[PDB]
Structure formats: C-alpha cells, structure tokens
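A.B. asks: The chain contents come next:
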Amino acid sequence: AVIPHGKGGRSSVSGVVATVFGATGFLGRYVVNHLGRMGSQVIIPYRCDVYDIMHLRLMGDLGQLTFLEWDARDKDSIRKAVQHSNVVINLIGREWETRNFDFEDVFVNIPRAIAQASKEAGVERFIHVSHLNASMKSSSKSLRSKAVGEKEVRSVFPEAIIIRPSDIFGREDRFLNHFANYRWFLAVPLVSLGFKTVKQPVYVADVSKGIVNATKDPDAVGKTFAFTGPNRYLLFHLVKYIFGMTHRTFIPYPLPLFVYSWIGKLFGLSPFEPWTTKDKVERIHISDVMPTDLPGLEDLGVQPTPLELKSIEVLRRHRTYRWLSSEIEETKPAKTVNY
Amino acid sequence: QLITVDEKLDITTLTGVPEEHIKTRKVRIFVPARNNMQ
Amino acid sequence: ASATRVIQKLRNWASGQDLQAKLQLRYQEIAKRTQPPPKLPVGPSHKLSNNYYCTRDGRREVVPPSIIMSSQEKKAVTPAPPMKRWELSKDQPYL
Amino acid sequence: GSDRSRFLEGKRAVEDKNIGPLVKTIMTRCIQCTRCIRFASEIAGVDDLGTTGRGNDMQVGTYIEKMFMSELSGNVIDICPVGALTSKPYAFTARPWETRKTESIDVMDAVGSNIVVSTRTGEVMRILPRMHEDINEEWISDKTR
Amino acid sequence: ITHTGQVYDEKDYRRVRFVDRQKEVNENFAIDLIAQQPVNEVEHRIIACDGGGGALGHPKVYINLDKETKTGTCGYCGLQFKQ
Amino acid sequence: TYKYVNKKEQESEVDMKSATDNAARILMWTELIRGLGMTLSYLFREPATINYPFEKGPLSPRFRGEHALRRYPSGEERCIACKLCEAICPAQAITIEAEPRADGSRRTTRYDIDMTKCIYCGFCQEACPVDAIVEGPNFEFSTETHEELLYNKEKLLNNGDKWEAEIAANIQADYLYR
Amino acid sequence: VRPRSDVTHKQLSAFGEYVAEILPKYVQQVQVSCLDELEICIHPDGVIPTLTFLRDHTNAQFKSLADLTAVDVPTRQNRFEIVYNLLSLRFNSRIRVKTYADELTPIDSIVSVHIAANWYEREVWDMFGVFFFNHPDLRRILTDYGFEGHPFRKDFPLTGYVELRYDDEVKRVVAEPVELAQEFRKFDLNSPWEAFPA
Amino acid sequence: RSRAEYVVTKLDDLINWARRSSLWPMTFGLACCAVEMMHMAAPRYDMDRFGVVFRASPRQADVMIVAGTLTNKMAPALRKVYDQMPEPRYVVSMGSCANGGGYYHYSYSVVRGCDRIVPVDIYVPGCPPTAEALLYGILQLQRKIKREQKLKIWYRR
Amino acid sequence: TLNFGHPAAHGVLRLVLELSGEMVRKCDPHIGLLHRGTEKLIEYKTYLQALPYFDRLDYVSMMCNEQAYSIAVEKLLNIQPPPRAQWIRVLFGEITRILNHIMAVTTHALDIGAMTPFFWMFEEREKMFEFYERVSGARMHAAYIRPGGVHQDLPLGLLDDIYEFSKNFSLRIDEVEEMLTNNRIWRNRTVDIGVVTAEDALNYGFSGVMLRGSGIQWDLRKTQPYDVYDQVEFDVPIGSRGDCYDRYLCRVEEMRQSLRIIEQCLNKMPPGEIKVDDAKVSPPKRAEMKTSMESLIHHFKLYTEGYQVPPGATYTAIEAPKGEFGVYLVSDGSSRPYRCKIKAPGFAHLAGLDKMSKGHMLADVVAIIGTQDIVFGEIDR
Ligand SMILES: NC(=O)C1=CN([C@@H]2O[C@H](COP(=O)(O)OP(=O)(O)OC[C@H]3O[C@@H](n4cnc5c(N)ncnc54)[C@H](OP(=O)(O)O)[C@@H]3O)[C@@H](O)[C@H]2O)C=CC1
Ligand code: SF4
Ligand code: SF4
Ligand code: SF4
Ligand SMILES: [Zn+2]
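Chains as they are written, first to last, in the UniProt record's numbering: chain V, 39 to 377; chain R, 51 to 88; chain S, 2 to 73, 91 to 113; chain C, 147 to 291; chain B, 31 to 113; chain U, 35 to 212; chain A, 46 to 243; chain G, 68 to 224; chain Z, 81 to 85, 88 to 463.
In short, the hints are calculated from the structure, not lab data.
Just so you know, not all the hints are guaranteed correct.
Computed list of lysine-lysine pairs in DSSO-like fashion (alpha-carbon distance at most 27 Å, straight line) [claimed, not checked]:
#	chain 1	residue 1	chain 2	residue 2
1	V	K278	V	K348
2	B	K97	C	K212
3	S	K48	B	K90
4	S	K108	Z	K249
5	A	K199	R	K76
6	G	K211	B	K53
Chain V on its own, in the form it takes in the complex:
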C-alpha cells in the first residue's frame, strides 16, 4: 500500500497504482484525469502509436503516469501491465466489430483474460465496465455479448465490481454528438418518430468520478452499480433539444427500423470506423431500463449532473457563427418522462 500524504492536488500521493487498459477512450480520458488529479499511480496500457496518447501525458504528474505497449491477442502483454498494479480498471469496448476483433473479443473475451491475469498478479480489486440494460438476450449483439462477459469475469475474478453505465453524455461522446451530426443528413431518421425509447444520459465526469471513487472505497465489492443520470427523456426531445442548441432545423421523420437496421449495415460496411452500426441502431432505439438496482452516482458519492447544464459545451462546435454567442438561457429545455 501507499500511505496517502499530500494536500490533495497534483504532486501529491493517494496510493492507487492502477492499470487502465482502454484509457485512450472517451470515458478513459476522464478516468485518467481524476486518477491523475488525485495523485494515483496510473499505468496506461496502449496499442495506438505514442502520438495518440500524448493527450494523457499532461494529466497526472511526472512518474505518475506510465505507458505500456500491449496487444490483446498476446497474453504476455496483459501479464506485465498488472505485475505492479493493485487496481485494474477495464474499459475495453467498441461499437463496430472490427476485422480482427469481434464484439466477443472487445467485451467478453479480452476483458476476461485481463481480470484473469490481474488475479494471478494479486490486484486488490478489478472494476469491469459493461453497457446498461445488457441482457444475455438483448437484441444488439453488443449488449448481449457484454452481458456474457460480466458473468465470466466474475469466475476469473470474484467480487470484481461491475459498474454498468448508460449511454454516456459528454464532449466527444457519441450519444450527443451523433444526433447533432445528423445535420449533414437533411432528414434525421428516428425510429417510431423518436418515441418509446426513453433514454437517461449520464455526464461522463459523473461516470468517471464514480469509477474513481470505487477504486478508493471498501463498500464496493461484487457491486454492480448503475450510473444513470439526473433526468430521463423520450428520444424526441433529446433529438430536437440537441438540434435546438445546435440551432439547426429539426425534421423528425419516422423510419421503419427493419429498413434502418439496413442503413446501419451500410455505414457499417465502411472501412474507416463506420459512423452508424447495425448494433448501434438497435441500441439507440433500445429503451433505457428502469432504475431499480445498486445505485451508482450519489450512491458512490457524486451527484449526477443534468444534461442541459453542460450540453452547451458538447454541442457548441456544431453551431454556426450566427449562433455561437447564443447561450443556454435563450434555448428551451427538453421534457423528462418518468415512464
């Protein structure tokens, strides 16, 4: 262990040495931020070239962030990453099944091997992240596969926390940017005209802070928290609201999903990071599940942050010079649906 000395800011010590395999991610970026702010020792396994992880260097202090070359297929790389970590956090995930990695791999196969080694190593705790409402029978292969994982990893690593976040709201997120980027599309398809798929977003930071707090709290063991949010929404208001802040016309036109799953298949064929995914589509119209579960935010210590509050920052880049100065007050809020 490492006795925590310091005042609490950078150049201080908190005693959390933590491997974080998928740090380069949108959620990840945030996880390393708090861990680094707190003063924790963060080992970031990376596969993308060094150029892309530079954004993580200034976070954390000198000799507090260590980057290791790692390959998912190669078991040895995971082995050495967790050699000297006592906390392992797994954020490995993707939306597009890539040529050389299947949803199973990114969600269930890999995240197993990882926790498996972590145990061999003797890491005190492992935090595994799987998408919210993930039935072993859910339509989207992604969600189901993720469900498959949360089970397995429990056998490789017992009492391994399993936070299960909803789609995340944050700058650089998809949930909010995706819809806002429908601008290019003249019309914005919305299955069931964006109805009956009530959704509860959660700010990225809230999720991050929550995750971090897990690392430094004994109360969470085998817990399957669910960071959800401060307000639910029918996809209709969300879509329009977005377009509202973006100040771009909103033209909700219903599109039969059966045909739309096909549109997802189309972009899905794209070689360079398909923008929409068959598995995405389903997910988007996959209704958010209700909140009866080990609570996440608040329960883990952070009060959720309403979407409207920070939406202005996430959607600003999509506006035009004409609306750039416009502020949240000028715009209207969307409506929640306790349903």
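Assemble chains R, S, C, B, U, A, G and Z with the ligands onto chain V, guided by the hints.
C.D. replies: Coordinates of chains R, S, C, B, U, A, G and Z with the ligands only, in the frame set by chain V:
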C-alpha cells in the same frame, strides 16, 4: 481632516491570502536561539 | 575564398567592396586551439609581509551614511558644477 | 582574520582516538583550547580528559584509551568550537545551513530541558541544546540527543 | 543493487518505472575499487595526500601513520598509507 | 566627443546637374539597383553553414554542457558530500543527502541534479573542493520524457565514466587559468 | 579599496542643505551615503512639491525619473519606502527622494511631475499595493489578470498560492492551490558573528 | 515484396518521410531561447537545409518550439496556439525554463514546465540550450517521426 | 479594439490597439507575459547566486547587464576590480553593444520585411558568442563578469581572435549599410515615424538612443564614466531629428564607435590579476584553496554563505546597449540582498509607444516597437 476608527487595522481582506491559510495558521514570534555549535 | 578569380571580381564589383580582403568565413587565421599553457600573474596582497588585511579591507571600514538636516547672504548651491558642453568630434564631425 | 597564508612549512598530524561510540574525535583538528578538559571536569565530574605533553604535540586526549563514558558526554561536541571531536551518529548526514531548526521540549526526562530539533526535508537530523537559564542552561542529556 | 543497496522491494510500484526500461546502475562500485589499491608503505610518520595531481586533485592533508596497528586513510581519496 | 548623424551641414542650392542627378535617382531607381548588387555579390560567396551531424560548431574547453560526477583514477568517486555544490547552486537543482559508508568514508547516498531546474551556470564546477562535479562537454542530451532529464547519482557517475577522458583533457587545459 | 573623491560628498551635501532649506515643510532627513549619493527624505505629503521643485528649479534641474520603487520593511509602521531616483542631465547628478507609505495610506502620484512614473506607479501598486491618487489609469501591469495578492510584499510566499495546469475534463487551463515537488530549500545563511561596528 | 502488410509499412514510411523532411516550426518567442534558435535559423547552422521554416503561422506549423519561461499569463495563450495548430503537430520544449521551471521554478508567476500546459515531445536541455543542441533536438523529433507507424496500427486494428 | 499579440513584434506583446480604420488611435500594451519574479527571487539568493539572474533580464546584452550588478555590489563593498578586469569588462561590454545593435537593427528589418541583413550579421554574431564561450563556457548567459572583478582570465588566444573579428566587422556593417540605409523603401518606412521631441523624451524617462536620437547629448559612458570609460576615446553618435531613421543611424554609428573602443582595449590591456585579491569578496584560486587553510575556509564560506556586503543602498547606472540599466540594491548586512530594483531601459520606452505612435498606421507600430529595442525580459523582470 482625519477620520476615526477604533477597528484594529485588519487588512486580511486586502492581503490576498487564501481563506484556509489565514484561519488555520498559527505563527510564533520568537528571538532565534544560538545553535550551541557556535 | 577558394573562388575562381572571375567570381571574386564579380563579387567585389557587385558589392562595391574588396570583400576578399575581409572574408567572413575564417581560414587558418583563427587562433590555433591548444594555445600554450598559461602561467597567470598573482596580484597584490600576495606579499608574505606588510600585508595586514586590516590595512586592505574596504568592505567594512565603510560607515553609516552621513546625515544632514535631520529632523530629530547664503549663496545658491547646485547639485554640482553645471555640466560642460560636449565638443564635436574631429575625426568625423558629421556622418 | 586575514585572507591568505604564509605558512609555507609543513603541518602536523595527531593520531585519532576512539574516545567513545558517540563522539568522533578526529583530533588533528584540536586548537588546544582546553574547553573540553574544563567541561569534562567542571560541568560534568568526569575529570578524565587531560592535556598530554608540551610543545606543538600537546594532544588533549585520554592518556590511556578509556572511553569518555558519562551522561552530559555529548555536550563536548557542542562545546568544542573546532570540529575535532563531533558526533558519530550525525557524522555526515547533513550540513548546517540546510537544517531547519524548530525549538521544542525534552520529553525523555522530567527536567524538561529546552532543545532545538534540526530537521532537513522532513526527518529529524539532530537535537542539540538551546539555552534555558532555569532548566537546561545550554546542556542536554546523552539520552535526549 | 546500487552502491547503497537501493533495491525496490518486490511489491513497490516504482518498479513499474523499470518496466520495459533499464534501471541505471554502475558496475564499478567505489567501495570496492578503492580496496584494490594497495596500502602505501611510507617511511615518515606524517605524510601528505595532495590528492594526486596537485591542483587537479583534492585539498592537501597530512596523515599521521603513527598508529602501528592501523593505516592512515585520506578522508578524500580513501587511499591508505602505512609506515 | 559627439557626432551628428543625419545632420545636413548646409543647404546645397540645386544646380541643374545636381537636380538631374537626383531626379535620375528617383526616376531610374539608381540606389535600389545598388542594393541588388550587394545581394548578388554574396550569392557568389561560400555559404557559412556546417553539415550539423557530420561537422560540429567549435566549443573550447570551458564549455559547460552536461553535468557529470568524476571518480579518482583508483576508482573511488571523487565527491565527499561536503554539499556546498548544493549550497551555491542558484536554482536549487542539486539535492544531496549523505551517510558514512561502510568503509567509514564520507559519501553521498543520493545526488540528484534536476537538469530542467539547472540553468548551467557552472558554479558547481567552481565550488567543488575535490572537483567531483564538472561541467562535461556534451550538449546533446535531449530526452523524450521529462523524468529522463532528472538525473540521480548513477546517471551522473555513468555520464562521468563515459566522458572522463575528454573531461580530464578539458580540466587539464583550463586549470592553470582557474 | 574603491577610490573616493570628497569633492562630491561636499557638493552633494551642500545641495542637500539647499533643498532642505527651500523645502523645509516636507524634508525630514537629508543624507549623503558614503558612496556619494544624496537621499533627501520627505513627508509623504511633499511628494508633489519636492519633486516639482527639483524638476523645475534653475539651480537644481532634475528632468528625468530614473526609477520609482518601494522597499518593504515589514517592521516599519509605514511598511513601504517609496524611493524616487532622479537624474539631472544639466548638473550630471542624481538624487533620491524617498517617502514612507503604509498599506492603506495612499501617496500622491507624480505622473503630472514626470510622465515616466505612469508605468512605475502601476508597477508599485501591482507588486506592493501602495495606491497612488490622481493616477490616470492605475491597474496591474506585471501580474496575471486575475492575480490575488501583491507579490513583492515580504509577507507573500515566493511560490505563491496558485499555479496553472491544463485539465482535459474541462479542456481549459485551471488554477489549483500550489503543490510543489521539491520545496524551496531554505538555507539559513547568516553567521553568528558580526563584522564591524557599523 | 507482396503482402498487404509490406504495402502498409512502405506507405507510412512515405507518409513519415514527408512529415519528417518538412517540419514547419512555430516559435512562440518567450525569454531568450528564441535567440538561441534565431541562431539556428541563421547561417552557421541553417535549419532550412533540414526542411525547417524560419517563420510559420500557427495554422501552417507542424512543430511548436516553446523557448523561454511560460509565465502564468502566457500559459492560457500557449494552450490556445497549441490548440489551434493543425492536427499533425509536435512540441519541442527548449530551455530549462520551459522543460521544467529552471531558474524561476519557484516563482509565483512561472508555470513549472510547459509539459503542464501542452504535451511535450522532445525536451532540449540547457539554460541557453545551444543551437546545435536545438538542432539535435529537432533531429531527434525527426527520429521520433520516422518510428511512428500510424498506417500499420490502423491495418491491424 | 484589435488585440494584436506570435505577434510580429519582438518578444510577446499583447498590444491592445484601437483601429480607427487602418490608422490606430490608441495602444495599451499589456506586458507581464514574461514576468518571472526576478526581483523577489533575488531576495532569497546570495549575491553571487543572483548574478546569473542579471544575464537574463535583457537577454541580448548579457555582460553589460552583469556589469551593472557587479558595479553596484562592488560599490556597496567599497572594493574596486583589478585594472585588467576593468579593461576586460569594457572589452566585453562593447562586444555586447555590437551584439545588441546587430540584434536591434537586423530584427527591426525582419519586422519591416528585409530578411537578408539578419542572416549576414547573425553569422557575425555567432563569431562573437564564441568569444563569450571561449572566455566563460556559455555562448550567452556567461556569468563571466563577477560582483568583484571577472571570473577567469582570458584564454591565451582570445585577443588575437577579437582583433581578426573587429578587423573585418566594419565591412559587414558597411554591407547592410548599403542594403538598408538609402533604400527609399527603408527611409520611407523609417523616416518621420515616431518623432519624439527633446523635452518629452527626458520627461518620459527615455534615457537611451531614444534620448540621443532627438539630439539630447547624454551617454552614461562619458558623463559618469563607470569602469574604464575614462581611459578610452569614443564619439557619442547624437542624432538630430528623432525619426526612427536617425535612431537607426545612431545605432549603426555606436556599432562603429564600439569597434573604436574595442580596438583601444586590445591595444592597451594591462598585465595583472582579473579579480580583486580580497579573499573575503572574490573566491580564492583553485591551487591556493587546495594548499592553504586560510583559502579553504574563505572558499567554503564564500560559496556556502556569501560576501555579507555592508548595510546600505545604491543606484548604479551603466549605459547598457538599450539605454540606462540601473540596479537599486538595498542591502542589510546579510549575504543575501534585501531589494534589487532593476531599472530596465524599456519599461520607460514601451510607455512612450502610445505617445510616439500617434496618428500612425498598424504598420508604423511594428517600426515603433522595433526602434525602442525593447526585450521583454528587462520590461517584465
Ligand atoms: N456511451 C459510452 O461511451 C458507453 C460506454 N460503455 C462502456 O465503457 C467502455 C469505454 O467506452 P468508450 O471509452 O466510449 O470506448 P472507446 O470507443 O472510446 O474505446 C475505449 C478503449 O478501448 C480500447 N480498445 C478497443 N478495442 C480494443 C482492442 N481490440 N484491443 C485493445 N484495445 C481496444 C481503445 O483503444 P484504441 O483506441 O487504442 O484501440 C480505447 O482506448 C466501453 O468498453 C463500453 O462498453 C458503456 C455504456 C455507454
Ligand atoms: S575542546 Fe575541542 S578543541 Fe578545545 S581542546 Fe577539547 S577538543 Fe581540542
Ligand atoms: S561539492 Fe563536489 S564534492 Fe562537495 S558535494 Fe558537491 S560534488 Fe560532492
Ligand atoms: S532557460 Fe535559461 S535561457 Fe532559456 S529562458 Fe529560461 S533562462 Fe533564459
Ligand atoms: Zn587522498
């Protein structure tokens, strides 16, 4: 003409010190002793 | 250097100056390295006699400022003699 | 004093002594100032340390090698202005300009002797006495230093 | 490992620093290298170790080799001399 | 002694010849052509640049460059932890903590020069009595990561061993001067 | 030992008396250092009057303001010691007029007497906190736009209380209380032995 | 040779060569290290020879050389200029004032390093880091740019 | 309100301007972007370990800057440097004014748009730094001029090499002389721009080439001769009218006059010691500290503690290439200073930009900053 104030010059509000280090910091006024070495 | 005469002549002319006489690049004119070993001179105060420091320590023989007009007919006096006008140069007065 | 030297002749050297396990006597440093022989007789009643010989090889060390074992022993360190005999535990751990000096109280014994704890970068390096006329007048025990 | 037995414990995490990198240490350790040099058998009670090279060495000091049992060691070089 | 620059001593009254000469100066840009001649002239001069990797700009013995800790010929590191190199460092760069080695000798357990803090003044070179810390000739030690720039005793001692031959030659050349 | 000419220590001394006589309402002390430098000391109210006499007097023309500074002696009731160093290109001599100002007792501004002071007075406010009445535009010059505290005051920590880093979460530079990775080692340097009577 | 792997190794080698050969740098110009580079731009150690642009606006700059102390009043700007540079972009921190605080580390107005403000690729050491020393640092950036394998990572991703 | 600020200007100047069309009606320069705390750090540092700071205030005239601190500290210690050292400081002081002027004239042109003058002279500048490096070991930021005397003797080949540089340097000034002194384009860009009247220059505390350019005859090198400036002969290049041209022409003349002073220094440099022989003020020689006890004690105390200069305060001004550089050093009896106000020729000059750049275009302001030779290290300190 001069004005009258019985208020102990407190200028804590102008010095520009963070609140924590003005209310939790005790300073000792002492004449330094001599290291016995010299 | 090492320039064919014609280039030099063009150079000198286009520039309007005998640039060859004063080339910027240095060639075997610069002090050779490993110049001989130096035996530097020891200054005063190294005498072994009549060298008492008390007689050579201006550091603290200095005294506290002299005080005039402390709070605790006569002719006018200037800060100092009025300055003397500078004189135009003689090698090159103008330009 | 002066800025230079005129002693072009050779120097002297005096064999060191293992006076004890607390005081390191690198006595080639000694300026034969006899404050040790006094303290060791007047403040403490040891009456062991003494001058031996005459001339420029008067060495102020125990004639036979008998350790200076007494409480009040470590004070010799503080009282020898030269660094001939100094403390063996605090041999070379620090150098005084660096040491931050905090004035505190002796808790090892009930005389409550005043002392100064010299700390560098956050670990105590030395505890030496600070003067209290009534309680410890410039001296501290072998235990509390 | 290092000159001073600086070896991160089997559980310390600064060992992560050495992961995929060389922990810089020097094979040539002084404690040993001085030992190799033999004791100089001078024939005068007090000899001086200028440090070798005069001005290019260490401050000049005189050592008393009078103690028959032990050998004088320059506080600077560590070189030892015996009478 | 003063000198007027740009002060016209007197009013030369225009003479046709003078006027023509001037008018020609404005009309046919005569002085502008003068300037072009100067640059054409250098175009013909040998360029002063050096192939940087193949040729190196000359540095004489006192060049301060990169810190190194020297060792005696025998193999005993020169530093005896007097710690005044720490005292005179202007930037607070050198951190030294010491304890008596098993041999009984004085030596530094930790000697850390923070090169990013160091401003390469060269006073440490000056201050050392045994001259254990020296300003080594190498100036090329640019590093990918900030941590590499912080240097402990082992890097400096290793730096000392690598460059000892040239450091010895450099100190040999300049010690009479000091 | 430096060469000292007493011609100056006499000339300057006399001038000191001359100034004092001409401006007795404000001159408190007038001394000449052993370094041949005069240093009329004036009551803070005499800032405008004493300077103006020196800027515009035939027998003492002190046209340019070399510098305006404020030493801070915390012990002194009037903390700051505003010092104005002036030069006389006509008589090739410099004089220093120094006043005393406490933290909340402002000094007059001399931007009128010398416009050079427009900037230095802003510099003294930013670093030490003395305020100058009738200043055209007094506002921080050297410190950051949001800086809190006057830095050159002897009671201000060197490292200060705030430092800046870029935070990704908020994608913007952000102050945080200073956390230093090697505190300034505070070597004690004063020797316990004095040098001379001085 | 014939393998989709070989074609993707050779083509980045091409992409890396282009970025390596033409690094248009942008010098903020803080403190004095800017002079020790104005000497690199100058004739004894030309930088253009290597494919380095003496003066480049942020939007057309590949490399930012931070020379000089980054005070707490210029920090908010450096980040802006770094943020407004085109994506392929690299930072070289010159001077003990910039890579670490150097003299002025403990000042209340100096950021202790530009690494706190902008991610730094090569740290060039020295109070006035010599001009060859900067040239070695720029050449070290070119060695780092040669090693990068962006196309290979996309192929096996 | 256009907030100009890399600003084409020297250093970093956020010149908050107000563009009445292209004509600029007001400038509010926001300096402070390079304030390092140089004068609050010096209070915590001994007199020798604060010398280095003075090489970084104006970073283009290093040694002349460290001749102002060296003269101050020396005054407060009533000690004077040995004769050879004073000539060496005057030799290095004029190499620095040639170095600053090559900086000021060529970078001004870089701003206006002439690019070649910078390259030709900058090669002549590395020739010069070499002289710094060969005498101190640092190309710039030497630390050679010490509070008492200078640090080490000149290497045995430097004065021959300084002659060879000075012998051929004047042709190099002559060459930019032809390329940038009569070009109608330069004259038009520089002549009648930023005229400053004589009394206004004294009132704004300009004190430099800006003072001399408008015809006021003031050089601290002849008026108040510091070091040996009483035994060297030179002509101050007083300009007549004050336009940015007359100020350029003055800067080109001072480079020429400095070659006249450098010539005299090489011709008449005395045999002797380079640092005062009081071990109390200047460190003891390497051989002496390693053989004599009085010298080791003096070396140990001087490096670890300090000179302990006697209590007092002094304002010492020397003619730095930019203008009058002065240090007001207040000293308690302690080895570390109490206050060190660096008067920067430049804090006064930048204040004048608003008055000098009156009724002028956006382009004129680029020339106005260029003709003040402002380096923000000195202004920001
Ligand atoms: N809206 C959301 O973001 C939500 C996310 N989650 C879960 O949170 C986790 C983090 O999400 P997010 O950050 O958006 O995901 P990202 O798409 O940002 O990727 C996360 C990280 O996983 C790494 N990664 C992906 N595939 C592989 C692979 N085959 N081998 C090695 N590394 C890989 C990536 O590294 P690289 O880019 O270098 O390949 C990346 O750094 C995910 O696992 C997801 O299941 C759950 C609910 C909502
Ligand atoms: S006190 Fe120290 S110095 Fe004086 S005699 Fe005893 S030992 Fe020698
Ligand atoms: S000065 Fe030389 S010897 Fe003394 S500690 Fe510093 S380095 Fe080691
Ligand atoms: S590093 Fe040395 S040189 Fe570069 S800026 Fe800071 S001080 Fe000036
Ligand atoms: Zn020895």
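A.B. asks: Indicate, hint by hint, whether the structure satisfies it.
C.D. replies: Taking the hints in turn, this is what the structure says about them:
Our distance criterion of 27 Å between C-alpha atoms is met by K278 (chain V) and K348 (chain V), whose separation comes to about 16 Å. Restraint check for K97 (chain B) and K212 (chain C): the C-alpha separation of about 17 Å stays at or below 27 Å, so the hint holds. Restraint check for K48 (chain S) and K90 (chain B): satisfied, since their Cα atoms lie roughly 22 Å apart, inside the 27 Å limit. Annotation: proposed proximity of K108 (chain S) to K249 (chain Z) holds, straight-line Cα distance about 22 Å (limit 27 Å).
Of the supplied pair hints, the one linking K199 (chain A) and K76 (chain R) holds, its CA atoms being roughly 18 Å apart against a limit of 27 Å. Distance hint between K211 (chain G) and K53 (chain B) is fulfilled; the C-alpha atoms sit about 22 Å from each other, no more than 27 Å.
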